[PDB]
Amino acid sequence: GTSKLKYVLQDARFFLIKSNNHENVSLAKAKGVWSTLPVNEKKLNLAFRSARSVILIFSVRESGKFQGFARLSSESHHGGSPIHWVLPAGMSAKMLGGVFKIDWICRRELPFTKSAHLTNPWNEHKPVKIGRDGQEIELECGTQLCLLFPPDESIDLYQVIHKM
C-alpha cells in the first residue's frame, strides 16, 4: 500500500540530489549515508531542523532517471568511518562537509519521461527533473514525484516512522 509512504511524506521538505556517477549512489544505498559540499550541507542541516521529514530524491547525471529517494535521519557529522566516494579529478575528500545518515524509502528507479507533467515552482516552473544539486522541490510537486516511483516492497516504513 501507499498509506505509510504518504504519512512519511506529510509536511516534508524535498531536495533534488544530482550525483556525478552511479557508484556514489550505490555506496549511498548500501551504507545509508550521503555527503555534499558545504553550501548544500548548510541548507540540508537547516531543513532537517525545520520539518518532520527531509527527503532527498537522487538522480545520476546523464542517466535520464531518478534512482530513488531517502529521508535524512541526522544532521551532518564528521569523524566517522570514511567513505570511498568517487571524487572529481581535482578534488579531495577534505572539500566535503560532514556525512548525513539517511534511511532509504525507495531504491527503485523512475524515468524522467514519467515525471514530465510535474513542474517545480521553486525552479521557475521547469520540469522537476531540471535543477542544480540541492534544488528544493515544492511540497506538492515533491509528494507527487515520490508517489510516481514503483513501490519498493523490500522496505518496511514502520522503522522510518518511529524516528519521526
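Residues that one form lacks are left out of the comparison. Positions refer to the first chain, counted from 1. Between two forms, the rigid core is the largest collection of C-alphas that superpose within 1.5 Å. Compared with the form deposited in another entry:
Once the cores line up, the CA of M91 ends up 2 angstroms or more apart between these two forms. Taking residues common to both forms and aligning the rigid core, Cα displacements of 2 Å or more over three or more consecutive positions between these two forms occur in 79-82, 89-91, 95-97.
Moving from the form deposited in one PDB entry to the form deposited in another entry:
Just this one chain is shown here; partners and other molecules are left out.
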C-alpha cells in the first residue's frame, strides 16, 4: 500500500501544476499527457534528469482542491500532434506545444482543507495550497502532501515502478 507509494515518492521532486480549467485536467487524466507554459516546461525537463521521479500535483485554479498527482514519464516533446487543450484567453496552442507523457499515481481529489497544516518552505512558508503553476514543493511537504490523498482504488503501482 504505502510502501509502494512511499517508494515512488522517494527521491522525487514535486511540482504544483495549475490549470485554468477542469477539462484539461480531465483530458490529462484520460490520456496521460500534460502541457505547461515554456518557463515551467524548461524547469520540468531539467528536473526529469536530476531525480528518480518528478511528481506533478494538479490543482484547478479557484477549485479549492487538488485533483490528483502523476509522475513524468518523459521530457516534453515538440512537433507531434497537438493536444486539444481548452486555451484560456490570451494563451495560444504554441505556448502549450510541449507535450509531456505522465503516469497517474492518484486520480483522487484532496480538498485544500485537508492540507491546511502543510506549509511550503520554498514558497515563503505559505500553506501548500498557495502556489503559481510550476511552483516547486519542498521534499517533506511534498511527500506528506501526496500521502494525504485517498488511496486510488484503481491504479496498480506495478507499471509505474516497472518504468523506474
